[PDB]
Amino acid sequence: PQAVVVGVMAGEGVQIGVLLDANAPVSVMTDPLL
Amino acid sequence: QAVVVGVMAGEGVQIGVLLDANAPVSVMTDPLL
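Here the protein sequences line up with chains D2 and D1, keeping their order. Each step along the first sequence adds one to the number in PDB author numbering, with nothing skipped, and position 22 is 39. Each step along the second sequence adds one to the number in PDB author numbering, with nothing skipped, and position 23 is 41.
One chain only, chain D2, in its complex shape:
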């Protein structure tokens, strides 16, 4: 339950599978994710 795998869409259409932290707040992840 500590993490969840999800697909993230990026510029012009590339889908990438990522394993994200399930409890940190989303604003903490958007910078390193970019």
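Read the hints as simulated data drawn from the structure, not as lab findings.
Derived contacts from chain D2 toward chain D1, CB cut-off under 8 Å, selection only:
1) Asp38
2) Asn40
3) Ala41
Here are the computed distance ranges between Cβ atoms for each label pair:
4) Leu37 (chain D1) with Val45 (chain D2): 14 to 24 Å
5) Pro18 (chain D2) with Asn40 (chain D1): 35 to 45 Å
6) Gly30 (chain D2) with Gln32 (chain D1): 25 to 35 Å
Note that CB positions come from ideal geometry on N, CA and C, so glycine has one too.
Starting from the known structure of chain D2, arrange chain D1 on it as the hints suggest.
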């Protein structure tokens, strides 16, 4: 030489730590824990 980074921990708690620049991760991941 050194670097400072935000190390995330349990339930997502944000923590700040100072690490060496040239030593490899394997020799520092033990004391960091």
